[PDB]
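Colleague: Each chain is listed here by its residues.
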Amino acid sequence: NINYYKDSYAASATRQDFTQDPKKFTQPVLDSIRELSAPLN
Amino acid sequence: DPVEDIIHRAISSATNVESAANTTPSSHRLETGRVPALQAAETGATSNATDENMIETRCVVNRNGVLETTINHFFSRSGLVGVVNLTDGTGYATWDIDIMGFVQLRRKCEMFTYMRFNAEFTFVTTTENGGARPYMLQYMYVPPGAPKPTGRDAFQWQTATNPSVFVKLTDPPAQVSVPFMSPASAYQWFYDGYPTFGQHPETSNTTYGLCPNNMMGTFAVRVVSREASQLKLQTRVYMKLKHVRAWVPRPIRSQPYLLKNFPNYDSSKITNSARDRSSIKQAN
Amino acid sequence: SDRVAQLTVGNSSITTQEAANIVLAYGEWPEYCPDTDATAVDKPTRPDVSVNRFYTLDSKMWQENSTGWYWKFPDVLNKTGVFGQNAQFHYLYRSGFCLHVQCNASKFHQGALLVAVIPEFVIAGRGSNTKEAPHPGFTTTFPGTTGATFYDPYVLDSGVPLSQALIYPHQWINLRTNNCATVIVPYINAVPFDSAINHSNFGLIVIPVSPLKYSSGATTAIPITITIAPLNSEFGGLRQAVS
Amino acid sequence: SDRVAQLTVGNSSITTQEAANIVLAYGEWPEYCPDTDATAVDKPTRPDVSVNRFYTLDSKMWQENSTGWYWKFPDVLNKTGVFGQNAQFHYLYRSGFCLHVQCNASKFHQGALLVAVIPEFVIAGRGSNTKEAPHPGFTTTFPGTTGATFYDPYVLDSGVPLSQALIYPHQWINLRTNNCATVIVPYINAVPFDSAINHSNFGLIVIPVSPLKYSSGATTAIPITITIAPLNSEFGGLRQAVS
Ligand SMILES: CCCCCCCCCCCCC/C=C/[C@H](O)[C@H](N)CO
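Chains as they are written, first to last, in the entry's author numbering: chain D, 29 to 69; chain A, 2 to 9, 18 to 98, 103 to 297; chain B, 10 to 140, 143 to 254; chain B', 10 to 140, 143 to 254. A prime marks a further copy of an entry chain.
It cannot be assumed that every hint is accurate.
[Unchecked claim] Some chain D residues flagged as far from chain B (calculated, every beta-carbon gap over 10 angstroms):
#1 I30
#2 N31
#3 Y32
#4 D35
#5 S36
#6 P56
[Claimed, not checked] Derived pair list, reagent style DSS-like, types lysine-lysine, alpha-carbon separation capped at 25 angstroms:
#7 A/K273 / B/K140
#8 A/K294 / A/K273
#9 B/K224 / B/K116
#10 B'/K224 / B'/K116
#11 B'/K116 / B/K116
#12 A/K121 / D/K52
#13 B'/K69 / B'/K116
#14 B'/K224 / B/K116
#15 A/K253 / D/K51
#16 B/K140 / A/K282
#17 D/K34 / A/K282
#18 A/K294 / A/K121
#19 B'/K69 / B/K224
#20 B'/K69 / A/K294
#21 A/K255 / D/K34
[Claimed, not checked] Computed beta-carbon distance windows for the label pairs:
#22 B'/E27 / B/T236: 49 to 55 angstroms
#23 A/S28 / D/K34: 33 to 39 angstroms
#24 B'/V202 / D/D59: 54 to 60 angstroms
#25 A/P160 / D/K34: 28 to 34 angstroms
#26 B/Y162 / A/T24: 42 to 48 angstroms
#27 A/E215 / B/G248: 27 to 33 angstroms
#28 B/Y162 / A/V69: 46 to 52 angstroms
#29 D/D59 / B/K88: 34 to 40 angstroms
#30 B'/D44 / A/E77: 51 to 57 angstroms
#31 B/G248 / A/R288: 49 to 55 angstroms
Since the hints were derived computationally from the structure, they do not count as laboratory data.
Heads up, the beta-carbon is just placed ideally off N, CA and C, and yes, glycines get one too.
Go ahead and model the full structure; you've got the sequences and the hints to work with.
Modeller: Have a look at this one:
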């Protein structure tokens with residue numbers, strides 16, 4: 029968490045991201061489907 | 002009172026996930042109407058059948074790490090992007110900064126369409142027999158539009174405005190940081206378009222796919238001396254992607270590579286993605 | 010209540026009775042450019058009825074030995090309608106789309122299509138040269156309303172395999188389940204506005220994975236029609252016409 | 010919401026999309042033996058995953074002139090899996106079952122099966138002797156996994172007519188309506204525990220009442236598979252192996 033320059037891009041790697049959001053790639057549909065039901069009815 | 006019709018969200022939700030997912034215990038299902046095994050792949054969605062609804066599972070408190078798989082820890086590993094050959098006795106050498114020429118780091122970067130990163134270059138300069146001779150070098154950075162040097166002792170090496178690095182061969186290798194220098198808001202590796210207007214030809218249009226938002230300049234190198242010393246050099250440039258953001262994933266390359274700027278392949282020799290076996294009805 | 014749908018945009022409407030679902034590309038809706046992301050200093054035009062409507066292209070006959078097809082968007086609509094006239098008088102361009110591929114077949118036919126949307130779909134050349144080198148013609152890269160057939164659909168004509176091409180927004184047209192695929196796509200580009208003549212953003216692709224088979228006596232002519240529609244389209248930089 | 014079902018027991022699961030309903034035999038669920046009805050003084054073993062799962066038997070081809078079939082339970086599972094090893098090391102035995110008979114056919118086929126469950130199904134001999144007398148062989152009474160075809164399905168090979176055999180727990184497999192029959196059976200015996208080698212409790216029976224008919228050109232091979240599963244099984248009296 030240290031930097032010796034005033035330029036913010038000369039620093040090391042920043043804090044960890046820890047998030048992911050897979051619902052935009054796995055299930056990108058309008059009618060949200062459940063698990064325990066038939067997807068086509 | 003006036004004309005009325007002049008008066009007249019998303020789906021995904023990100024969660025901070027630390028470790029891998031757990032498993033809750035299950036039981037047996039003996040009932041009709043509720044089925045988790047039947048899917049429909051035509052809806053464009055993936056299957057959502059979890060393993061608690063297929064079999065009977067136990068309670069597992071999972072403590073595995075999902076840290077090294079992020080896009081920062083995946084790209085912050087410096088690899089070779091260019092080799093500059095300098096034979097002294103024109104006296105200098107240039108290198109158009111294009112990292113699409115070496116294939117270890119190219120294929121990692123072709124997973125995505127748009128990337129926004131900072132870089133961290135490193136220049137490992139040796140002789141042709143191994144290195145370590147006490148001569149002094151100069152590495153200029155020539156932005157697009159700046160005059161490239163035209164001689165071993167020309168006036169463009171005065172370097173009053175653009176950056177430069179003086180380092181000997183016997184020092185540790187020089188290392189700088191480079192910001193996001195594109196005029197757009199992301200480096201795009203695939204540009205389906207033409208740079209200029211006009212009538213585009215049918216035979217050989219060498220401008221299809223040229224993205225001028227990625228051309229970042231020229232890297233020049235000489236030996237800081239008056240009389241021409243006689244020693245052959247090679248530099249090796251190592252780029253480390255840091256502070257990196259990526260958009261719009263795409264499939265990974267499966268065909269062998271051909272040109273730097275163009276995604277060519279040969280159609281007469283298309284390599285299959287899966288190596289062959291004897292028949293379909295046996296596994297080994 | 011899920012197989013029946015109607016899509017009214019502008020003065021046009023599409024009904025369907027054997028649909029599957031509707032896919033939003035990457036979970037987002039097409040919208041106008043906000044003020045915190047705009048870089049031009051002129052006021053844009055927003056026609057909003059005359060350019061946001063379902064344009065129906067021509068039909069592609071699907072046969073036994075079809076190797077597949079691709080269009081470029083917004084290349085196919087630069088010469089049709091008032092969208093084709095606003096995209097020539099104006100230098101800048103921004104829109105979304107709403108795609109719909111119709112293909113019906115009886116209860117005795119079989120096969121499957123892959124209808125996907127590929128952002129920045131760059132066509133590759135087909136030579137074993139390491140520099143001169145072969146490059147695709149202008150009617151191959153920017154085909155227009157007549158599309159273009161693939162030469163090598165296994166690698167999508169870009170050295171990139173079809174088996175992983177389900178990472179893009181897509182649906183399937185399985186002839187025993189549905190007859191239509193609908194994909195709604197936002198504006199995906201690295202700049203807020205860009206030209207509609209040089210740069211085509213993405214490319215619709217329909218490739219038959221499992222081939223069309225039918226017993227003798229059935230109807231032999233199975234066409235594939237494609238009906239597309241811009242959404243939230245706006246233009247800028249008025250000048251004279253350049254096609 | 011009634012034609013679609015899934016049955017997950019153990020590590021195995023059965024899906025169906027054209028079912029009818031699920032029948033509990035005599036309105037009761039298989040359970041463990043209570044302490045007020047137990048007569049042994051040892052502790053029983055209850056594996057509960059390794060023995061409660063769907064075992065799939067072999068397939069029976071159904072033809073024009075089939076006179077029908079019968080298995081004995083738990084005879085068919087004394088040699089398959091860990092249920093077949095717990096039923097040999099242990100003298101005592103108690104379980105329920107969950108049966109499932111799959112038989113699919115197209116929209117141009119016709120016929121009907123009768124899938125019933127007969128407690129204490131005793132095979133009769135076929136002679137006009139009043140004492143010597145004919146008695147059925149051991150592979151006819153206790154057939155195993157390969158079953159046995161009826162000789163006289165009209166009297167169920169026991170002098171007892173089929174027309175009244177709907178008093179047992181049963182379903183129908185009518186090829187225009189469904190394709191599978193499911194019967195869940197508790198433990199029905201006069202003693203709390205009994206041996207699994209000498210005494211088979213009940214017998215599953217599949218008899219085609221209306222015959223299989225199909226027009227020319229259709230698929231001629233219609234198989235009948237049977238997938239059964241023990242439920243709430245427990246054993247007692249450990250000793251050496253007797254088959
Ligand atoms: C004395 C320091 C000289 C070295 C400084 C180099 C700065 C220029 C680096 C710009 C950022 C990386 C260049 C762009 C990346 C890819 O090669 C291009 N996008 C090619 O498509």
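Colleague: So, for every hint listed, does it hold in this structure?
Modeller: Here is how each hint holds up against the structure:
The claim that D/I30 lies off the interface holds: its Cβ sits roughly 32 angstroms from the closest Cβ of chain B, which is beyond the 10 angstroms cut-off. No beta-carbon of chain B is positioned within 10 angstroms of the beta-carbon of D/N31; the least distance is around 28 angstroms. In this structure D/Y32 is separated from chain B by more than 10 angstroms, as the shortest Cβ-Cβ distance comes to about 32 angstroms. Distance to chain B confirms D/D35 as a non-interface residue, since its nearest Cβ pair spans about 24 angstroms, more than 10 angstroms.
Residue-level check passed: D/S36 sits 21 angstroms from the nearest beta carbon of chain B, beyond 10 angstroms. Consistency note on D/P56: stated as away from chain B, yet its beta-carbon is not over 10 angstroms from all of that chain's, at 5 angstroms minimum. A C-alpha spacing of about 10 angstroms is found between A/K273 and B/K140, which places the hinted pair at or below 25 angstroms, so the restraint holds. A C-alpha spacing of about 42 angstroms is found between A/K294 and A/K273, which places the hinted pair above 25 angstroms, so the restraint is violated.
Restraint check for B/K224 and B/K116: satisfied, since their Cα atoms lie roughly 12 angstroms apart, inside the 25 angstroms limit. Restraint check for B'/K224 and B'/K116: the C-alpha separation of about 12 angstroms stays at or below 25 angstroms, so the hint holds. At most 25 angstroms may separate the alpha-carbon atoms for a hinted pair to count; B'/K116 and B/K116 meet this at roughly 11 angstroms. At roughly 22 angstroms between alpha-carbon atoms, A/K121 and D/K52 fall within 25 angstroms of each other, so this suggested pair holds.
Note on B'/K69 and B'/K116: the hinted pairing holds, with a Cα-Cα distance of about 21 angstroms set against a maximum of 25 angstroms. Restraint check for B'/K224 and B/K116: the C-alpha separation of about 22 angstroms stays at or below 25 angstroms, so the hint holds. Distance hint between A/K253 and D/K51 is unfulfilled; the C-alpha atoms sit about 30 angstroms from each other, more than 25 angstroms. Using a Cα cut-off of 25 angstroms, the hinted pair B/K140 and A/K282 holds, with the two alpha carbons roughly 18 angstroms apart.
Pair hint D/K34 plus A/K282 does not hold up; C-alpha atoms about 53 angstroms apart against a cutoff of 25 angstroms. Between A/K294 and A/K121 the CA atoms are separated by roughly 35 angstroms; this puts the pair beyond 25 angstroms, and the hint is violated. Annotation: proposed proximity of B'/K69 to B/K224 is violated, straight-line Cα distance about 31 angstroms (limit 25 angstroms). Proposed proximity of B'/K69 and A/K294 is supported: the alpha carbons are some 24 angstroms apart, at most 25 angstroms.
A threshold of 25 angstroms between alpha carbons decides the hint, and for A/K255 with D/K34 the separation of about 18 angstroms falls inside it, so the pair holds. A hinted range of 49 to 55 angstroms for the beta carbons of B'/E27 and B/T236 is inconsistent with their spacing of about 33 angstroms. A beta carbon spacing of about 37 angstroms between A/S28 and D/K34 agrees with the range 33 to 39 angstroms that was offered as a hint. Remark: the range hint 54 to 60 angstroms for B'/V202 to D/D59 is upheld by a beta-carbon distance near 56 angstroms.
Remark: the range hint 28 to 34 angstroms for A/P160 to D/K34 is upheld by a beta-carbon distance near 30 angstroms. Restraint check, B/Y162 to A/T24: a C-beta distance of roughly 44 angstroms satisfies the suggested window 42 to 48 angstroms. The hint said 27 to 33 angstroms for the Cβ distance between A/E215 and B/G248, and at roughly 29 angstroms that hint holds. In this structure the supplied range 46 to 52 angstroms holds for B/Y162 paired with A/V69, their Cβ-Cβ distance being about 50 angstroms.
The given range of 34 to 40 angstroms is respected by D/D59 and B/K88, whose C-beta atoms sit roughly 35 angstroms from each other. For B'/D44 paired with A/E77, a C-beta distance near 55 angstroms keeps the hint of 51 to 57 angstroms intact. For B/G248 and A/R288, the hinted distance range of 49 to 55 angstroms is satisfied, since their beta carbons lie about 53 angstroms from each other.
Checked against the numbered hints above, the structure breaks hints 6, 8, 15, 17, 18, 19, 22 and satisfies the rest.
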